Amino acid sequence: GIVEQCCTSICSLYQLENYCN
Amino acid sequence: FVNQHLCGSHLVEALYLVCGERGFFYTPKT
Ligand code: NA
Ligand code: NI
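Protein chains in written order, with the entry's author numbering: chain A, 1 to 21; chain B, 1 to 30.
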């Protein structure tokens, strides 16, 4: 998931925004 | 914005900045 993707690869702030409430 | 390499607590800092007062969920694999 996003926690693993951001750390093993890279991720964008727009991907992170999907986890806001 | 630029892409990110974020592990551990650095990812939660990034979620905090992105989401602000909307809040967020931090949901690692188990
Ligand atoms: Na970005
Ligand atoms: Ni560190």
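It is possible that part of the hints are untrue.
[To be verified] Per label pair, the in silico range of CB-to-CB distance:
{"no.": "1", "chain 1": "B", "residue 1": "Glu21", "chain 2": "A", "residue 2": "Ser9", "range": "15 to 21 Å"}
{"no.": "2", "chain 1": "A", "residue 1": "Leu13", "chain 2": "B", "residue 2": "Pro28", "range": "15 to 21 Å"}
{"no.": "3", "chain 1": "B", "residue 1": "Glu21", "chain 2": "A", "residue 2": "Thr8", "range": "17 to 23 Å"}
{"no.": "4", "chain 1": "A", "residue 1": "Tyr14", "chain 2": "B", "residue 2": "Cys7", "range": "17 to 23 Å"}
{"no.": "5", "chain 1": "A", "residue 1": "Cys20", "chain 2": "B", "residue 2": "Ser9", "range": "26 to 32 Å"}
{"no.": "6", "chain 1": "B", "residue 1": "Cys19", "chain 2": "A", "residue 2": "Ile10", "range": "15 to 21 Å"}
{"no.": "7", "chain 1": "B", "residue 1": "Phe25", "chain 2": "A", "residue 2": "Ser9", "range": "19 to 25 Å"}
Derived from the structure by calculation, the hints contain no laboratory data.
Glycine is no exception: its CB is placed at the ideal position from the N, C-alpha and C atoms.
Status of the hints after comparison with the structure:
no.	hint	result
1	B:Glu21 / A:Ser9: 15 to 21 Å	violated (29 Å)
2	A:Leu13 / B:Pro28: 15 to 21 Å	holds (19 Å)
3	B:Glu21 / A:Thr8: 17 to 23 Å	violated (30 Å)
4	A:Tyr14 / B:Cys7: 17 to 23 Å	holds (19 Å)
5	A:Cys20 / B:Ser9: 26 to 32 Å	violated (18 Å)
6	B:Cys19 / A:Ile10: 15 to 21 Å	holds (19 Å)
7	B:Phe25 / A:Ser9: 19 to 25 Å	holds (20 Å)
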